[PDB]
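We begin with a single chain expressed as structure tokens, specifically the form solved without this ligand.
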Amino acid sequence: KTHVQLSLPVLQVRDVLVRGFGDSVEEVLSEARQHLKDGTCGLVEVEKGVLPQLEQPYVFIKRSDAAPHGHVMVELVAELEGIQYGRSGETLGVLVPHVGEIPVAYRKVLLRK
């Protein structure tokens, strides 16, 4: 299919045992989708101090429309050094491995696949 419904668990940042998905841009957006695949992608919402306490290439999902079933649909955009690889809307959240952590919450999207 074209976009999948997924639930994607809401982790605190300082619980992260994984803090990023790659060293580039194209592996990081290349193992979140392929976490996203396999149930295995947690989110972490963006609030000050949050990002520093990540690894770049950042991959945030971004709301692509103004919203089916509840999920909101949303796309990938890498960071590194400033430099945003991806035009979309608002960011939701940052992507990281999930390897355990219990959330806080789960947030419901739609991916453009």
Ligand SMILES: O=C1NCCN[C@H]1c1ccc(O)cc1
The other form holds:
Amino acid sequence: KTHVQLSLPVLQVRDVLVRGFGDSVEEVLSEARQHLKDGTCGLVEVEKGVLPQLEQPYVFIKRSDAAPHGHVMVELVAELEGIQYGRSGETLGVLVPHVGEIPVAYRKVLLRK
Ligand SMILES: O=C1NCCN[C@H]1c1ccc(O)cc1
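What does the same protein look like in the form deposited with this ligand bound, given that the last one was the form solved without this ligand?
Below is the whole assembly, all chains and molecules, this chain first.
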């Protein structure tokens, strides 16, 4: 399928044990997609002070359209040293590996893949 319905655990930035997916734009998009498939991907909501606490390159989920079955349609956009790879809508948050941190909420998304 071109899209998959996912329910992403929303993590507090200070709970995150692995603060990024790797070392290059291509690796972090690859790893983020693999973790989304395997159900081991969390979401951190972006506010003041969050991004400097996470590791670049960043993988964002961004709104791709204006929301089937309660799932907002999203796509992946990576960022490194102020350059974004991808063009999309409003940021829903930054993806990180999930290694068993307790979430504060779940975010339902329809991931374009
Ligand atoms: O996340 C998923 N859940 C169910 C099966 N498919 C996936 C998936 C496949 C490929 C991707 O690139 C990203 C996600």
